[PDB]
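Build out the structure end to end from the sequences listed, making use of the hints.
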Amino acid sequence: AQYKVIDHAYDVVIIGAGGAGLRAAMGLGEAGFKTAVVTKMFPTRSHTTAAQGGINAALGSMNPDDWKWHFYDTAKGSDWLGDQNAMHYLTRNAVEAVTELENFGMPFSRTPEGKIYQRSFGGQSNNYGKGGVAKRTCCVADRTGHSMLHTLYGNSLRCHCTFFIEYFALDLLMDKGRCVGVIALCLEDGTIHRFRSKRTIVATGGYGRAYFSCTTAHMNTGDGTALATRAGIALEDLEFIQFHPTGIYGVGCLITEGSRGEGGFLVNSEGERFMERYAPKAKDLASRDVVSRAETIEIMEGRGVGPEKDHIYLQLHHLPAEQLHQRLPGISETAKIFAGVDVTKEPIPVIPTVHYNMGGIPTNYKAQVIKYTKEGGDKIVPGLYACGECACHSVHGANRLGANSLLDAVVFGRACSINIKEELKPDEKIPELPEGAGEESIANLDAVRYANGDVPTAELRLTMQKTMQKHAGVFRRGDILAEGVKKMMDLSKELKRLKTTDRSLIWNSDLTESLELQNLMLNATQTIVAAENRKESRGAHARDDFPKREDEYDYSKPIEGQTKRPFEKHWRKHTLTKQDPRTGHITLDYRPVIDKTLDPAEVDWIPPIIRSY
Amino acid sequence: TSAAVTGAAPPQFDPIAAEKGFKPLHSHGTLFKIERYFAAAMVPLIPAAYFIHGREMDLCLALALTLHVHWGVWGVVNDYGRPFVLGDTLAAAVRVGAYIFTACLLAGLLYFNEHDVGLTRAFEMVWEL
Amino acid sequence: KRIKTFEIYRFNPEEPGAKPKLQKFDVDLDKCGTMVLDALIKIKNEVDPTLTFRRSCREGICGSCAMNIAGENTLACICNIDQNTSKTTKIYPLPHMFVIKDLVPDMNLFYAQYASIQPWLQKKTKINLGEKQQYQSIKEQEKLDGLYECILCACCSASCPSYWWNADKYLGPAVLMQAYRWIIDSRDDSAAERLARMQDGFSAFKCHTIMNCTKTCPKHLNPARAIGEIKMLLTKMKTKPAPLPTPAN
Amino acid sequence: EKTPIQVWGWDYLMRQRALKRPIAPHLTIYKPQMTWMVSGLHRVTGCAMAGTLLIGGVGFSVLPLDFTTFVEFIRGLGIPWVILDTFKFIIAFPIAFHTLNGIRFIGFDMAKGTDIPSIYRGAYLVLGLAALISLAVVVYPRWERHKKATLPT
Ligand SMILES: *Cc1cc2c(cc1C)nc1c(=O)[nH]c(=O)nc-1n2C[C@H](O)[C@H](O)[C@H](O)COP(=O)(O)OP(=O)(O)OC[C@H]1O[C@@H](n2cnc3c(N)ncnc32)[C@H](O)[C@@H]1O
Ligand code: HEM
Ligand SMILES: COc1[nH]c(=O)c(C(=O)[C@@H](C)C[C@H](C)[C@@H](Cl)CCl)c(O)c1OC
Ligand code: SF4
Ligand code: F3S
Ligand code: FES
Numbered sequence: 033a034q035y036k037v038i039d040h041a042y043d044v045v046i047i048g049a050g051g052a053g054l055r056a057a058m059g060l061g062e063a064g065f066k067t068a069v070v071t072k073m074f075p076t077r078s079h080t081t082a083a084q085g086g087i088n089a090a091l092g093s094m095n096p097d098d099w100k101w102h103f104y105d106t107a108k109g110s111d112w113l114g115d116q117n118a119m120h121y122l123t124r125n126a127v128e129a130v131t132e133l134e135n136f137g138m139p140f141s142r143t144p145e146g147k148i149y150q151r152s153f154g155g156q157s158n159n160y161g162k163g164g165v166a167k168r169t170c171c172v173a174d175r176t177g178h179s180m181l182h183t184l185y186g187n188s189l190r191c192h193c194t195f196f197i198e199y200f201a202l203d204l205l206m207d208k209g210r211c212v213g214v215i216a217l218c219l220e221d222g223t224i225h226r227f228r229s230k231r232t233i234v235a236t237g238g239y240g241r242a243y244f245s246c247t248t249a250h251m252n253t254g255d256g257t258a259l260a261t262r263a264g265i266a267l268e269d270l271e272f273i274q275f276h277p278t279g280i281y282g283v284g285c286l287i288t289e290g291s292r293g294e295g296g297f298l299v300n301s302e303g304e305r306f307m308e309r310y311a312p313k314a315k316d317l318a319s320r321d322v323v324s325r326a327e328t329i330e331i332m333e334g335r336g337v338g339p340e341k342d343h344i345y346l347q348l349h350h351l352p353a354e355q356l357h358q359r360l361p362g363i364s365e366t367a368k369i370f371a372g373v374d375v376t377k378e379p380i381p382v383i384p385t386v387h388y389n390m391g392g393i394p395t396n397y398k399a400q401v402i403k404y405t406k407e408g409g410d411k412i413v414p415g416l417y418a419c420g421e422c423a424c425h426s427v428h429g430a431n432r433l434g435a436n437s438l439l440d441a442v443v444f445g446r447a448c449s450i451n452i453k454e455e456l457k458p459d460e461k462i463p464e465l466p467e468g469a470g471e472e473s474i475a476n477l478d479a480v481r482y483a484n485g486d487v488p489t490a491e492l493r494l495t496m497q498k499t500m501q502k503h504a505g506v507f508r509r510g511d512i513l514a515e516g517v518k519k520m521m522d523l524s525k526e527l528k529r530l531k532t533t534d535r536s537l538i539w540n541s542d543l544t545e546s547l548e549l550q551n552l553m554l555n556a557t558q559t560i561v562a563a564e565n566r567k568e569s570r571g572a573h574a575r576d577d578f579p580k581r582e583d584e585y586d587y588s589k590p591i592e593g594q595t596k597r598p599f600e601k602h603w604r605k606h607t608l609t610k611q612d613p614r615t616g617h618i619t620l621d622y623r624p625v626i627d628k629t630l631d632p633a634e635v636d637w638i639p640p641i642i643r644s645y
Numbered sequence: 028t029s030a031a032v033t034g035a036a037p038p039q040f041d042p043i044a045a046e047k048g049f050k051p052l053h054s055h056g057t058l059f060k061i062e063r064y065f066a067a068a069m070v071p072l073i074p075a076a077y078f079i080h081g082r083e084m085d086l087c088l089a090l091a092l093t094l095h096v097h098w099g100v101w102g103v104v105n106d107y108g109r110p111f112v113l114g115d116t117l118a119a120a121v122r123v124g125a126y127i128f129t130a131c132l133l134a135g136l137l138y139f140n141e142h143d144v145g146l147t148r149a150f151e152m153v154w155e156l
Numbered sequence: 033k034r035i036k037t038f039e040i041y042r043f044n045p046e047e048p049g050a051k052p053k054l055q056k057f058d059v060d061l062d063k064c065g066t067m068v069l070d071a072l073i074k075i076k077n078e079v080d081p082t083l084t085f086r087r088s089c090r091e092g093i094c095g096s097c098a099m100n101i102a103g104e105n106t107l108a109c110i111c112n113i114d115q116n117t118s119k120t121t122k123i124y125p126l127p128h129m130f131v132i133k134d135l136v137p138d139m140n141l142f143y144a145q146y147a148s149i150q151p152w153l154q155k156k157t158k159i160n161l162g163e164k165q166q167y168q169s170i171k172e173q174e175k176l177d178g179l180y181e182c183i184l185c186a187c188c189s190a191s192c193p194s195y196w197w198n199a200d201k202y203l204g205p206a207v208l209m210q211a212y213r214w215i216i217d218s219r220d221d222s223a224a225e226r227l228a229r230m231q232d233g234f235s236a237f238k239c240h241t242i243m244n245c246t247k248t249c250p251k252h253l254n255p256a257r258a259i260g261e262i263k264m265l266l267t268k269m270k271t272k273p274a275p276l277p278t279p280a281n
Numbered sequence: 034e035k036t037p038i039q040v041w042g043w044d045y046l047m048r049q050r051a052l053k054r055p056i057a058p059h060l061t062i063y064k065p066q067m068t069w070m071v072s073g074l075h076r077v078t079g080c081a082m083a084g085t086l087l088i089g090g091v092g093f094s095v096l097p098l099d100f101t102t103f104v105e106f107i108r109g110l111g112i113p114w115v116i117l118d119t120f121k122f123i124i125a126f127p128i129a130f131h132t133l134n135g136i137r138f139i140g141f142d143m144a145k146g147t148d149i150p151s152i153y154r155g156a157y158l159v160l161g162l163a164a165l166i167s168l169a170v171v172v173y174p175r176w177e178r179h180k181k182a183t184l185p186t
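Protein chains in written order, with the deposited numbering: chain A, 33 to 645; chain D, 28 to 156; chain B, 33 to 281; chain C, 34 to 186.
Be careful, since some hints might not be right.
[Unchecked claim] A few chain C positions that, by computed beta-carbon distances, are all more than 12 Å from chain B:
{"no.": "1", "residue": "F103"}
{"no.": "2", "residue": "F126"}
{"no.": "3", "residue": "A169"}
{"no.": "4", "residue": "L184"}
[Unchecked claim] Mimicking DSS-like on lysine-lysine, the simulated pairs with C-alpha atoms at most 30 Å apart in a straight line are:
{"no.": "5", "chain 1": "B", "residue 1": "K53", "chain 2": "A", "residue 2": "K36"}
{"no.": "6", "chain 1": "B", "residue 1": "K63", "chain 2": "A", "residue 2": "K498"}
{"no.": "7", "chain 1": "B", "residue 1": "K247", "chain 2": "C", "residue 2": "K181"}
{"no.": "8", "chain 1": "A", "residue 1": "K208", "chain 2": "A", "residue 2": "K596"}
{"no.": "9", "chain 1": "A", "residue 1": "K162", "chain 2": "A", "residue 2": "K596"}
{"no.": "10", "chain 1": "A", "residue 1": "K377", "chain 2": "A", "residue 2": "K411"}
{"no.": "11", "chain 1": "A", "residue 1": "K605", "chain 2": "A", "residue 2": "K398"}
{"no.": "12", "chain 1": "B", "residue 1": "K155", "chain 2": "D", "residue 2": "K50"}
It should be emphasised that the hints constitute simulated quantities derived from the structure, not laboratory data.
Just so you know, even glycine gets a beta-carbon here, dropped at the ideal spot from N, CA and C.
Right under this line is the structure:
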């Protein structure tokens with residue numbers, strides 16, 4: 033066919049308008065750069081707006097805290113797959129990052145003395161895990177992520193970041209391991225845009241839509257992790273797919289974990305607080321990786337509720353309606369509107385739902401993407417960063433901590449604009465593009481657009497999502513997974529039997545969703561193969577045939593004169609899935625988890641303990 | 028071919044740089060505050076009209092009705108008389124015509140109370156068949 | 033098996049001088065979810081993939097599905113289908129918007145108009161961007177309640193016939209209400225000038241007070257209430273500053 | 034004198050036309066409601082009254098045919114009272130209503146009474162108080178014109 037191409041040239045181009053997306057844009061613009069921001073949807077539509085429970089920071093507006101206790105619970109939540117340098121940044125900075133929001137304009141809910149109101153949340157406690165339960169979660173009442181996205185958005189207008197709304201990032205501009213920009217389909221007029229820019233930043237959020245059931249938005253197809261898979265980058269920890277404990281039984285939309293930090297709890301068939309048994313001290317505020325597994329067993333064992341005995345109840349109706357107004361307003365409704373529940377008189381239909389993706393594109397403590405052969409360490413990939421849900425500094429490791437995520441976008445999104453006001457010197461001018469620069473990007477678009485074939489873009493997804501949900505669930509075994517990865521991979525062929533109908537350019541939703549599937553398969557696959565190979569049980573990932581957490585020692589027997597287990601035979605290590613998207617096959621390798629802090633002098637590396645909440 | 032023209036940044040607003048040169052304060056505020064207060068002072072006027080009659084009411088019914096309506100049909104004419112759909116000259120021409128409406132209504136009313144029965148003896152008459 | 037029948041604005045802009053036709057779909061309410069959006073994804077996947085529109089969140093929170101269902105501007109995503117199969121529910125894109133395609137209106141105006149109102153925090157003396165929390169007592173921030181939730185779906189706006197007619201010059205419900213949210217933020221010192229921006233006869237005062245906008249907001253907020261309060265600021269009554277960061281702050 | 038934004042606003046409208054893009058169906062397709070239709074009625078009355086005050090005002094100046102001929106060149110084929118006592122009702126209502134809804138609209142202008150219940154009350158207690166007065170102002174002196182038709186004593 034025939035297509036129309038455009039060129040721009042920018043300093044820095046950001047493929048995402050998330051929380052991470054915009055905090056970069058706005059620190060980078062206010063620093064004074066030619067910023068382009070490219071997003072397939074208008075920035076208030078980004079998933080970050082869905083965020084509910086809030087954002088973590090030790091501000092102690094409720095009871096004296098230390099940013100270090102937050103660092104702790106974060107490493108804990110990480111299940112020691114989490115790079116502690118990364119988490120050190122996350123937690124010291126959180127105190128400021130969050131405060132900066134208030135100064136930006138975020139209508140934080142209030143203590144009587146006008147400090148930012150803090151709720152309890154899942155997985156946090158004072159005193160290096162030996163106090164009470166934490167009140168360190170910050171929140172605009174109930175729909176916090178929305179208020180932050182609209183705030184981060186508001187401020188994005190003051191810093192001249194010429195926005196490129198409703199363009200679809202196709203592929204990275206690759207010239208020998210260095211990134212020069214992106215190439216986008218413009219929705220509004222089917223034209224194609226080539227972004228020559230010194231740097232690139234990928235803030236595309238997660239891939240929850242790779243499942244039959246997720247809390248995520250229809251747009252979370254993780255095109256970022258494709259863009260970079262397709263530019264020859266290797267992705268990590270894909271297999272760590274947090275299932276949120278409290279997703280609405282039917283339609284699958286998040287009820288906040290906040291509901292629990294305000295005093296709501298989980299209830300079985302005979303209605304006993306069944307976490308007062310699964311996690312004596314933390315209870316219904318245990319980390320999500322452990323509460324969602326806790327829930328799933330009560331099911332298989334018939335203590336479920338409903339007409340079906342296959343989801344459970346979240347009970348809020350005891351709490352005084354005068355606190356359900358101010359503390360949980362937005363989900364009093366999103367429950368009433370979707371499940372018929374007046375949250376002051378009955379419980380809410382909730383089942384674990386695919387929710388967040390620790391997994392993403394490998395990054396050092398400065399948020400710069402990495403290649404890594406066993407040999408010459410982890411080599412930087414120049415001109416490319418990434419942050420938020422979609423990234424993998426692993427500030428999360430095996431299990432995301434509640435409320436860390438918005439913080440992990442705001443913080444590292446900010447750590448793009450700080451770390452680029454660093455090593456970008458006002459000389460090194462606007463990189464020029466290779467001849468034929470992504471001609472193969474558009475050749476794919478064409479292939480897809482006229483895709484004759486016999487399987488609908490629609491159906492294909494459907495069956496992937498359905499397998500992916502059956503085979504990569506909460507509890508995974510070698511028999512389920514191994515056949516999964518065989519099914520899945522016959523599917524990543526069906527793309528050469530794919531079927532569109534909408535032949536056009538100007539807003540072609542059929543064609544973008546087919547691109548969106550194409551990506552989501554490169555996501556789907558690498559996820560389950562990683563999870564099939566992981567012979568351990570740690571974080572969101574949990575095996576029924578490898579039930580022990582497998583580490584370089586054994587942190588029950590007090591280490592004293594144990595020989596270290598060899599790096600091959602233990603799983604306290606990252607998973608780098610590397611796929612060529614043509615053939616569509618994957619080959620693994622394993623980076624070591626970075627254990628040391630950013631500054632040992634300021635605080636100490638918190639060493640692997642018993643994962644017990 | 029990826030062999031075609033270099034493009035331009037998309038038409039976007041820029042609240043700050045487009046702020047710099049364009050700072051006049053011409054607040055329609057004060058004017059609006061009155062013409063409500065006016066229709067708010069037109070209230071006791073209208074039921075007094077059911078009751079008190081004759082050539083002295085007549086005058087300042089028509090004198091006060093005029094002022095409300097002049098503004099009214101300005102308000103109306105500024106709405107539907109979109110310069111988009113009308114084009115610039117033909118939109119001045121509905122805006123001019125809106126004073127020609129105001130001015131006329133009055134000549135017509137003034138006349139009516141002067142050489143016909145007046146409004147209050149009109150509203151008597153009709154209310155008698 | 034009860035078969036509900038939909039009627040949905042179609043526009044194809046790629047076709048040479050094409051007219052906007054209204055398309056007829058039936059859908060089986062038995063193999064389809066509860067809301068309308070559900071039914072829209074059904075008809076794209078199952079019947080006709082060319083049926084184009086905007087969608088995300090799916091939980092009433094982004095506003096991307098805003099369109100005109102059974103006469104009213106509301107969120108396709110949290111809209112129950114008319115359970116009565118003898119009626120025939122029919123769907124249109126936000127009123128008096130320029131349609132790019134099918135259900136997708138050129139939102140760009142609405143968006144720029146937002147940008148106008150300078151929707152960030154501003155103070156009379158600079159302050160240290162990463163330092164302390166500006167005091168705001170609970171009672172001050174209750175004023176922003178009714179206000180911050182706005183998802184910017186543009187339902188209100190595209191429902192206000194003022195906006196239909198003079199979109200160029202009238203900011204319109206959604207957008208105004210937000211500006212107000214910035215003038216009674218007890219923390220924002222630009223009350224003064226932020227009011228100066230919408231002093232003229234069209235941008236602000238072109239509310240002939242119809243009330244269509246509050247009736248249609250799916251988020252059950254109230255834009256009129258604000259506009260009202262703004263008219264009061266443009267004329268008689270005042271914004272009132274905050275009690276100072278009571279010390280130990 | 035256009036504010037920075039409205040300049041831009043105009044330019045948009047220019048593009049959007051040059052692009053031959055159509056306009057999303059509005060009043061055609063938008064559902065009848067007690068919000069806009071109240072207002073619209075407030076419109077129609079407002080104008081239709083001033084409408085009369087012109088084709089009436091000027092009407093009679095620039096014509097021969099004075100208003101007192103006009104009352105007779107109608108009562109001269111006097112139609113049964115009920116018909117006539119409806120034109121009374123129609124003539125009164127527009128004033129009855131536009132005035133009621135008037136005080137009302139000002140409330141809305143002052144932020145007052147702008148919630149959906151106290152709005153719909155508004156609409157009814159006005160649309161009510163009008164139709165009621167308008168009939169009670171046409172029918173009450175058609176009363177003392179019947180109580181006098183036969184004087185009991
Ligand atoms: C899913 C979710 C997550 C969530 C939550 C509730 C829900 C339902 N509640 C949270 C909470 O209370 N506290 C918290 O810390 N996190 C919470 N989360 C997680 C969090 O919201 C997200 O995981 C994270 O904020 C995601 O934000 P991020 O900026 O990283 O990315 P995004 O907001 O999800 O949106 C991605 C942007 O990228 C653009 N994009 C994606 N693909 C493309 C392509 N193809 N081309 C162009 N642009 C692309 C999108 O447009 C979007 O702007
Ligand atoms: C106490 C008596 C009255 C009050 C309180 C009143 C109130 C109002 C108000 C508040 C408006 C708002 C303007 C707008 O919405 O743009 C209006 C409009 C208008 N009025 Fe009145 N009104 C009264 C009587 C009348 C009468 C008797 C007439 C006819 C002669 C009239 C003619 C108009 C016209 C032409 C408009 C234009 C705007 C529109 O139709 O929506 N008014 N009125
Ligand atoms: C503000 O007053 C108004 N009130 C309205 O009911 C309204 C409308 O919705 C119109 C369909 C009704 C209007 C009076 C008609 Cl007769 C135009 Cl053909 C309208 O356009 C309007 O002007 C903006
Ligand atoms: S006021 Fe309501 S309907 Fe309008 S943009 Fe805001 S949320 Fe949407
Ligand atoms: S509909 Fe428009 S008239 Fe005002 S009441 Fe809402 S902005
Ligand atoms: S798509 Fe988010 S509102 Fe319906």
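Hints versus structure:
At roughly 35 Å, the least C-beta separation between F103(C) and chain B is larger than 12 Å, which holds for a residue marked as non-interface. Listed as a non-interface residue, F126(C) keeps its Cβ farther than 12 Å from every Cβ of chain B; the least gap is roughly 21 Å. With a minimum CB-CB distance of about 28 Å to chain B, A169(C) clears the 12 Å threshold, and the non-interface call stands. Distance to chain B confirms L184(C) as a non-interface residue, since its nearest Cβ pair spans about 51 Å, more than 12 Å.
Our distance criterion of 30 Å between C-alpha atoms is met by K53(B) and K36(A), whose separation comes to about 29 Å. Taking the CA atoms of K63(B) and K498(A), the gap is about 16 Å. The hint holds against a cut of 30 Å. Distance check on the hinted pair: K247(B) and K181(C) sit about 50 Å apart at the alpha-carbon level, beyond 30 Å; violated. Taken as a hint, the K208(A) and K596(A) pair is broken in the structure, with Cα atoms around 39 Å apart against an allowance of 30 Å.
Distance hint between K162(A) and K596(A) is fulfilled; the C-alpha atoms sit about 28 Å from each other, no more than 30 Å. Using a Cα cut-off of 30 Å, the hinted pair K377(A) and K411(A) is violated, with the two alpha carbons roughly 57 Å apart. Proximity of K605(A) to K398(A) is assessed by CA-CA distance (about 20 Å); at most 30 Å being required, the pair is judged to hold. At most 30 Å may separate the alpha-carbon atoms for a hinted pair to count; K155(B) and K50(D) meet this at roughly 19 Å.
Of the numbered hints given earlier, the model fails hints 7, 8, 10; all others are met.
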